[PDB]
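Can you build the whole structure from these sequences, using the hints too?
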Amino acid sequence: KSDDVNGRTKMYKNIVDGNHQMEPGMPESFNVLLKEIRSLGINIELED
Amino acid sequence: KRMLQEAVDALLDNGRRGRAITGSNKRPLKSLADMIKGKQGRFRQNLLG
Amino acid sequence: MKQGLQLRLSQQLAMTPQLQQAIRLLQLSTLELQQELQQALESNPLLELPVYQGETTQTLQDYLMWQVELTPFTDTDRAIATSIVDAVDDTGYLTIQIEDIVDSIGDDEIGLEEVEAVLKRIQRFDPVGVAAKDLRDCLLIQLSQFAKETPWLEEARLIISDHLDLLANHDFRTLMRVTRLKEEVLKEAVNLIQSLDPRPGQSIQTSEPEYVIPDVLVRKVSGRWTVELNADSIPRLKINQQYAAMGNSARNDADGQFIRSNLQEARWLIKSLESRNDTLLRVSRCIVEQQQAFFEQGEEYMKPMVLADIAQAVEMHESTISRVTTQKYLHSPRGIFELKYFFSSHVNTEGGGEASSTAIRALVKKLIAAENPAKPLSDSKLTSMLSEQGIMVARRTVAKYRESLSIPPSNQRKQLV
Amino acid sequence: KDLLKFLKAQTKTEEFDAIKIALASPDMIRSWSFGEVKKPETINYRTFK
DNA sequence: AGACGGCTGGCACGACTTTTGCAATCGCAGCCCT
DNA sequence: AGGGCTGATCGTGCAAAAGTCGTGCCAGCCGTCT
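Residue numbers (full-length UniProt numbering), protein chains in the order written: chain D, 1294 to 1341; chain F, 296 to 344; chain U, 1 to 48, 109 to 477; chain G, 2 to 50.
Don't read these hints as lab results, they were simulated from the structure.
Once the Cα atoms are required to be at most 25 Å apart in a straight line, the calculated SDA-like pairs of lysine to any residue come out as:
hint, chain 1, residue 1, chain 2, residue 2
1, G, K21, D, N1324
2, U, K242, U, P211
3, F, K332, D, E1321
4, G, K40, U, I23
5, G, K40, U, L41
6, G, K6, D, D1297
7, G, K2, U, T155
8, D, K1328, F, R311
9, G, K9, U, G166
10, D, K1303, U, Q183
11, D, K1328, G, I22
12, U, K193, U, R181
13, D, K1328, F, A328
14, G, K21, D, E1338
15, G, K21, F, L343
16, U, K426, U, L465
17, U, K193, U, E176
18, D, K1328, G, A19
19, D, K1328, G, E37
Below, the structure written as structure tokens:
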């Protein structure tokens, strides 16, 4: 139910097909935070 | 150049140095740090707000 | 006092044409002039949250994409459907052909039959207007959605099948002969076609933000009111007095000379702004000299306007007035019109008068309003009406005005009763 | 482009474990962005483009 | 079923507009060339 | 000791070729009636 744009559609399909399966992905607000942090003189990234 | 350095400082933090206001409004502006800090920042409403 | 070629008096004036003066005129660039003035003031030394809702449907294109994705489609099928949905216009008709879509697919296994099947599944999409074809095909889809009890549905289908050209040209005789159309049955079919929701995608795009610029004002309260031409929007920028005093106090002689040059440039800019304001005021007075007469008389009662005559009345340079007219807008109580639209075309009229081409066009539109709905008024009939009005405009002038008014053809506009 | 894997590649994310933070340097700052801004204009009202 | 008619639109010619492409020569006099 | 000559500062126009419009007019064509 969050800003995960690629998750709301897929959960809706899983419901209408009665799958009831969820894949988290990543909230978009976290990407918002990363983009606004990189707006200043601070590097930030996520390793593997 | 002093104007430019001041403007960059205000863009980063207006509350610290200088006072920038909008048209007909004396309230300060929301700098790149303002939307990070305070009750109305990104970190707020991040805690499941 | 009638001698010719006598002793010549010494000239006590000069043209003094300067590119600075022409730029000062700026052809009344208005907002563009404001941007240029800002750029110069930046180049001139010593010169001068919200709500954010962000919520809207993507013209049902997102809705269509979700619905197609909502329906069970294979990964390749989903990709094909997404590609087809991308090839959708605002009206709802496919811009690219089926062959173009197949070429964009770039798969040897992909074929015309599979693409057609995918489009047909896509054709019966969630909202109306998903035909992606001619409105006749969309009309067929609507009729399929519509109940079969509708009268003349079979006749309408037969007409739309291969007699669409007959309907387009409004050739009722040949269409009736070919299709055995009954009397007033074509009227019922036309009424049904009226409720066909043409351009369904237009209604989906209900959102339409308004765009307008203030520019000049023609409020004219109590008559001849000096409605300022966006005096608030006028820049009226001035150089920095404190910096000028610093330049005046500059110890270095070269620095003082540079400050003096900057002050001369600022004085030039001030003269330019004052000239612009004075030209605006003079143009406003000249327009108000006859604008109220035109507004009260009406669009059809519009007298011809000559730029040279207006300049002569204002006593300024004719070329200056012509340049000021360009890129100028004047909002009025009636509406917002360009300065050229404020000016009137010249055309001959009877009884010692001059009639605007827009005036004749508005008169012709009023006449077209008073016409039989079944049979559009002929251009000959329009010429007869103009002769009745006594505007000294012949068939050619009437046709030109109709082209200005976008009058439909007599045969095309002709329809059954 | 086969048009079959292009769409699926859009919906992908990494493990993204162990986030790291550091200072910024002008070269890599240039690296993230693609365009250089020189004009203060935001939008034109003549064509809304 | 070939001609009447009116339309339409191209084709032309005068009459009004209009845009851009246009700036020297000073009177100071000190400096440089001869 | 005498000549050259150099750059400061020098402010609302216009016109001429081009373009473009007003107006008229002819040529064909289809709807039609004979």
